[PDB]
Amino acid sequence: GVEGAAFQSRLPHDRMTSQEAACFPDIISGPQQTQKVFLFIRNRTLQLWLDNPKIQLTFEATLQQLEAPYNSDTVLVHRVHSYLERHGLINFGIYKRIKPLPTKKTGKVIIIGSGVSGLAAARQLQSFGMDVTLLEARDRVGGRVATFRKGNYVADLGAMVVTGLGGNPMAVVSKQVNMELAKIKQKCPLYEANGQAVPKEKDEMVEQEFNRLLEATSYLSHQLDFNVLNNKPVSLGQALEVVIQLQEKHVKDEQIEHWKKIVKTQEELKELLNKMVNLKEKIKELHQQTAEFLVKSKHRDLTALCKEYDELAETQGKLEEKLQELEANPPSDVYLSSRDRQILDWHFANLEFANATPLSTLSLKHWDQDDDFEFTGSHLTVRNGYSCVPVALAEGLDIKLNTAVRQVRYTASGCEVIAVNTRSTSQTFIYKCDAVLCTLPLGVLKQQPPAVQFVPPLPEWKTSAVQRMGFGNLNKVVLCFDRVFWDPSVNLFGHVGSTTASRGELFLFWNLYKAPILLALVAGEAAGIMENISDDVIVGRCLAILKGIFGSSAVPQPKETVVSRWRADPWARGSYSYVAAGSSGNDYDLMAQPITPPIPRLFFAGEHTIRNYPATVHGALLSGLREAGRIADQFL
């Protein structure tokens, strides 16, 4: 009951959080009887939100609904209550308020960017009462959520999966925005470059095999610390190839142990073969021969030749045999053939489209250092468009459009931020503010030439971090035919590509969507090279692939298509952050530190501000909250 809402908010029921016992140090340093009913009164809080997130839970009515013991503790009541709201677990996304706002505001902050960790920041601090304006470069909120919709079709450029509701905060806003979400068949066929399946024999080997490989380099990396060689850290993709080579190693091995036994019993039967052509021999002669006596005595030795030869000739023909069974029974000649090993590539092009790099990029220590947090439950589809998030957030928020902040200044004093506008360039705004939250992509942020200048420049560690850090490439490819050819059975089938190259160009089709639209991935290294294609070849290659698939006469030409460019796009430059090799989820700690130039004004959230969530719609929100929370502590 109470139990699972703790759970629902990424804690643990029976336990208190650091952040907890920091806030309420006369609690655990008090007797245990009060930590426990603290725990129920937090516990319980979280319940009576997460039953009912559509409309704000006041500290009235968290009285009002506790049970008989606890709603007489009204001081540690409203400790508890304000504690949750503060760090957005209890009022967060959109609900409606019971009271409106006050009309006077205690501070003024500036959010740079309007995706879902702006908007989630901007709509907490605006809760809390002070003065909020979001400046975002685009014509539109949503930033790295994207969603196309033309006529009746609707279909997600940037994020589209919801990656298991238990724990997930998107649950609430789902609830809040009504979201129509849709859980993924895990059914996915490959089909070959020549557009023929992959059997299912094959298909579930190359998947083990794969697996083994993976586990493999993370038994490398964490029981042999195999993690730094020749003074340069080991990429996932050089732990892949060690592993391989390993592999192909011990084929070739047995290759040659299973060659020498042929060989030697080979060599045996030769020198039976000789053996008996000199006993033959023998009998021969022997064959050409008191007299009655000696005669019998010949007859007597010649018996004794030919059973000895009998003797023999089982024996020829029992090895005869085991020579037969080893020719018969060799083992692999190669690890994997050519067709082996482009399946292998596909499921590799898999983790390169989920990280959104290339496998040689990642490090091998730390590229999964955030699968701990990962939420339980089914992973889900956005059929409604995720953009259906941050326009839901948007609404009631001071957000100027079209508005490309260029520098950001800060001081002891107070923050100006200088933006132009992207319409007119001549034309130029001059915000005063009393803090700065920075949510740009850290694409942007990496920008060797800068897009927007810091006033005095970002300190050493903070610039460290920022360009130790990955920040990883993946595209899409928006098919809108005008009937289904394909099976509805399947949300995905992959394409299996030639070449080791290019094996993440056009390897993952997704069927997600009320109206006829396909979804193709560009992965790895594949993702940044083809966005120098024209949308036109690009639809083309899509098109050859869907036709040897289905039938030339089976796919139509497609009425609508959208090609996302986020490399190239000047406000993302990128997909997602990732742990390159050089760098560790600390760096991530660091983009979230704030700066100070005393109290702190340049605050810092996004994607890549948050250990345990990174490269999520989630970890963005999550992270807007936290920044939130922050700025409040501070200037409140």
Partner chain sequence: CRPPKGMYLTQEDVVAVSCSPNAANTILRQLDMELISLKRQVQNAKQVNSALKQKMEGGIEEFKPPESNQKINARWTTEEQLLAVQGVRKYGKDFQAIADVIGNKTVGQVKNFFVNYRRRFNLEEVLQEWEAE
Contents of the next structure:
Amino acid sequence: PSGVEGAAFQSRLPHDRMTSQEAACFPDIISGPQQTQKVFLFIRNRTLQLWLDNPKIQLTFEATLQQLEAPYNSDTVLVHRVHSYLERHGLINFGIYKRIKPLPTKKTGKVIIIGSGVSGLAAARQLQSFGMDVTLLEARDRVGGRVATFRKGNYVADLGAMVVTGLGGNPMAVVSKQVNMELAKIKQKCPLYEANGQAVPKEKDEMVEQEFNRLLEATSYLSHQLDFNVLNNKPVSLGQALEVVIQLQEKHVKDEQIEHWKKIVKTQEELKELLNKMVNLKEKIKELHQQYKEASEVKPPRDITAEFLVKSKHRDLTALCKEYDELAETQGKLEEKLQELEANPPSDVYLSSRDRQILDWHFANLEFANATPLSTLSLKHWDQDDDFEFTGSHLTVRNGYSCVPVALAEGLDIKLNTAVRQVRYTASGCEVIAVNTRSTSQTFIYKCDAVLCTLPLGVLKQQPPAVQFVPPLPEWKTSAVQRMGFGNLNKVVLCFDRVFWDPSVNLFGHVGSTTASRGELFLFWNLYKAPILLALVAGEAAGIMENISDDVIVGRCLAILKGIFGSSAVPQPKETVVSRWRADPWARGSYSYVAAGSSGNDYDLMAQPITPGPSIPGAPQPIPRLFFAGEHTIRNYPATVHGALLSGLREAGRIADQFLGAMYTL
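Next up, the form deposited with the partner chain bound. The previous block was the form deposited without the partner chain.
Partners and other molecules have been left off, which leaves just the chain.
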């Protein structure tokens, strides 16, 4: 869309309606009469626009009111209320902007932030922007977390997040303006290449693909229409449902052949009985002929009964011969109708093998996109975040996505090599205990009014705990941590000295030999300037391959690629790197997924802050002290960068409302 509605959309908001968030802060307005709502909205969308039109400079309340026209700049408190709400909730002046009003001399409140992820950094910038005093603690020796970007010489390749899943409503759109990421569209065209090394032909490719997509809509039908969501007191997975569907699809193929042959045999039984009828007519006729012969051999002159005998038998015979001719006509029909049938049989099979393996690749691609075996996705919910998908082509960061955390990191008090071991949060404030990753005898204590925790779900799930909560997290929280899924997927980076692949193709698939190994090296991206090929391990494979030497893995790749392009064309690689995310102790996996047995709800539970009980008993209810952000906290944009980035924006808003109060609500 265009103009002010463009901004509402590009900010993930309905242009013609106030959101629940807005209702909460402007209850006067939304309980109020329609007219004021439209004003409020326009003022909102308009302000958004202005920010969006130029996100490299802070948008001030002044600049905003300045640019509004009447009737709308008549209410200059409303304008401020709105402008201030947007600023708080990071819908404007987020990311990296030129500050017009240099920072408040003196800072209010102290926050310790765990993890220099994107979620961490985006929060920390805001809070700093809001005057708070913020320090980030990061176990690693660099920012970004799961935004990791390999660099040697001109080689540059992302071992974590590399795609920008569309700019229509994506905050990263804004950030790309504020930071030079070299965004290159990805050409979706991906040719597959069987186990052997031979391209799959168009005909198959499309037959199979369409079956894939058909199979999915199928699963949906089971789930919503047939309510196939529990089975033997356990929640149904996408995988289960897919098998079931495939089963039924086979069962039908057979069921049809059956009723086809049942028609053959039944038509044979027609033909048989007619042949007996015909062979016995043969008999009577042959004989009746004799008698006519004999009667006719008696010579005239005959008396009449003997004359009659001839004529009688003559007719009786022509009669039967007629009957036989008729049946020979009928026979000719059943005989040819019998030939139509064994000429036109139903489908031999549901899917060959060669296809059912190609189909297995369409599954690896799904397991790769969800970082998990489809045995583990919720049937009902794996795709709940679908409605919120952005618009536009997907893109890559061509100079490496790390450019972003690094940008965000700029100006922040980040402590690297600092691994939190314990988080204590009391009615009167919190202390965080950390150690130096390098020498762990060295201990640090950090006191603060609030803690924002961006620890990965993997890290939260860890048993025994890498991080201790004192007091323990309430069971409502810890269950959501079990219930949720934290998946895995790895990348192998192949740096070469020359391009031996098709440069007009960005990505291309390899089809695995088995179902159980459709993960291994099933896809290759060619996305960077330098001659680099990137190979994904998805599915049940990523898990296992983590236990295999790099050399082996790189071997297996060259294999695959030699098979595709010929042994003379596949040099050794100059440089290779291989991720092992599940092993990585500051990640313990790759990204969240909607486990079977979980719901989008759990993601909301993840974002609910924790409020310590009272110090002295009988003392009144405290403030919330412990806060959660990160990719697993954000129901509608989980497992992404933008979604983390947003979760971070969210918690900064919420923490400032808490500790700096919120003037805009009256």
